[PDB]
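Here's a solo chain for you in structure tokens, the form solved without this ligand.
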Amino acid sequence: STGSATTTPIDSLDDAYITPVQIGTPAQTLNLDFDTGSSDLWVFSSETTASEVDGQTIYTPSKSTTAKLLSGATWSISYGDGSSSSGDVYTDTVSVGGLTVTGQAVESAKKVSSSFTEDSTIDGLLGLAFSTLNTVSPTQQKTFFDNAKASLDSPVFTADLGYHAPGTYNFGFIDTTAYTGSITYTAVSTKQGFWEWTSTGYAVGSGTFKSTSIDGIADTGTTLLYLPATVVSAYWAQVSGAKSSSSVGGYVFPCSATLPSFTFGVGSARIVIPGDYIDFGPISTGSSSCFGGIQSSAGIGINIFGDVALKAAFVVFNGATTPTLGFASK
């Protein structure tokens, strides 16, 4: 089997991407944030505290003839941005782009934090990291991909995120028309439950490539690119007027700037992030200071190849017995 679904930016800045997902019988379609940095499939629901729902579409398990409460199972997750959610668990039928899993754990939110409430466009998350990170207790549950893997034509999924435009998540096949050149594959460590890999270096603009190992995670659920302070300082030094602002919480730059590109290495191959992908717009409405899309990972404890990086590539998440990651230009 295979599946293919379009993923769409939630806003004009590509702050996140949503993908329609069918849950239950008859189908209830919710728009979920596919997150290769976490391993829970959770949804706003009829059980979510009413004051914490503000425009999201909800899953109502009582209206699904295939939903079954998973007795005694609860979940609770916190994300790197400080947001969180928790609740109970149903098993139900879940379909993405024509690919169907029966018996998928659907984690129904009883509580969500304010950032989730304040984002009316995201109805939940669909985790695509390794199932060892799943938070359901006392019996850990499998991700959608892990449940589907054996049925897929090939045990892979691909992320093709657009810049200011829709893109695609494919399951079970590699669309050879979706990229240019070849796909370069690189080793993955699953020891922390992430798609963790080592970039071979970087360049700023037309500058010389610096060969240096940068361990990090491929995380579609993180918007920005978080890299070591030395790398980030070298990037913003090429932008007149850019500075690190403690009050704003990162590097900011004049909105009038034209930003340089940023290149990262994948083995001997190179992925070029155009400068415009690094502009996240005014820091507050009407400001002429803009928020940078490349930020320091100091104090995060891990480097994160988020959407800013991933959207410049066609990315293969190879879930074979020994997982690997592939990157192609596009």
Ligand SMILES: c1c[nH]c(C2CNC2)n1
Second form
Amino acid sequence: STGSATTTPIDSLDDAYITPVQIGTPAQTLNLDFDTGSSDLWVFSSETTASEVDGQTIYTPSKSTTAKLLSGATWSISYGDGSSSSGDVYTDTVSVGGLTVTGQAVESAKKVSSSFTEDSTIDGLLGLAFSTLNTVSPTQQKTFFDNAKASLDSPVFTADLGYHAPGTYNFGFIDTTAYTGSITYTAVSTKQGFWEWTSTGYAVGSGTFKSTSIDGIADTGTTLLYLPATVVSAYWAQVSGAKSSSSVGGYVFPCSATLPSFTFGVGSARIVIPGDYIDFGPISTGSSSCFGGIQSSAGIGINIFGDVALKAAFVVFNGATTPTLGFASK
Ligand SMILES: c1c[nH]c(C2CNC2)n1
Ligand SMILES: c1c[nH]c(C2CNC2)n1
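We have the form solved without this ligand; now please give the form solved in complex with this ligand.
Below is the whole assembly, all chains and molecules, this chain first.
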């Protein structure tokens, strides 16, 4: 089997991407944030504290003839940005782009933190990291991809995120029309539960490529590109007036600037992030200070190849017995 679903930016800055997901019988369609940096499929629901729902579409398990309470199961997740959610668990039929999994754990939120309430466009998360990170207790549950993978024509999914435009998540096949050149594959460590790999270096604009190993994770659920402070300083030094602002929480730059590109290495191959992808717009409405799309990972403990990087590539998440990642230009 295969599936193919369009993923759409939630706003004009590509702050996140939402993909429609059918849950239950009859189908209830929710727009979920596909997140290769976490491993829980959780949704706003009829159980979510009413004051914490503000415009999201909710899953109502009592209206689904295939929903079953997973007795005694609870879940609770805290993400790196300090956001969180928790609740109980149903199993139900879940379909993405024509690919159907029966018995998928659907984690129903009883509580969500403020930043989830405030994103009216995101009805929940669909985790695509490794199932070892799933938070369901006392019986850990599998991701949608892990449940689907035996049925898939090939045990892979691909992320093809657009810059200020829709893109595609495919399951079970690699669309050879969706990229240019060849896909370069690179090793993955699953030891932390992430799609963790080692980039071979970077270049800033037209500058020379610096060969240096940068371990990090391919995380569709993170907006920006978080890299070591040395790398990020070298990037922003090429932008007149750019500075790190403690009050804003990262590098800012004059909105009048034209940003240089940023290249990252995948083996001997190179992915070029155009400068415009690194512009996240005014720090506040009407400001002439703009927020940068490349930020330091120094306070995080891990480097993160988020959407800023991934959207410049066609990315293969290969879930074979030994997982690997593949990157192609497009
Ligand atoms: C999807 C990813 N991140 C989020 C919340 C936490 N910041 C807003 N929703
Ligand atoms: C809130 C939801 N997901 C996340 C991170 C994990 N990958 C992005 N924060």
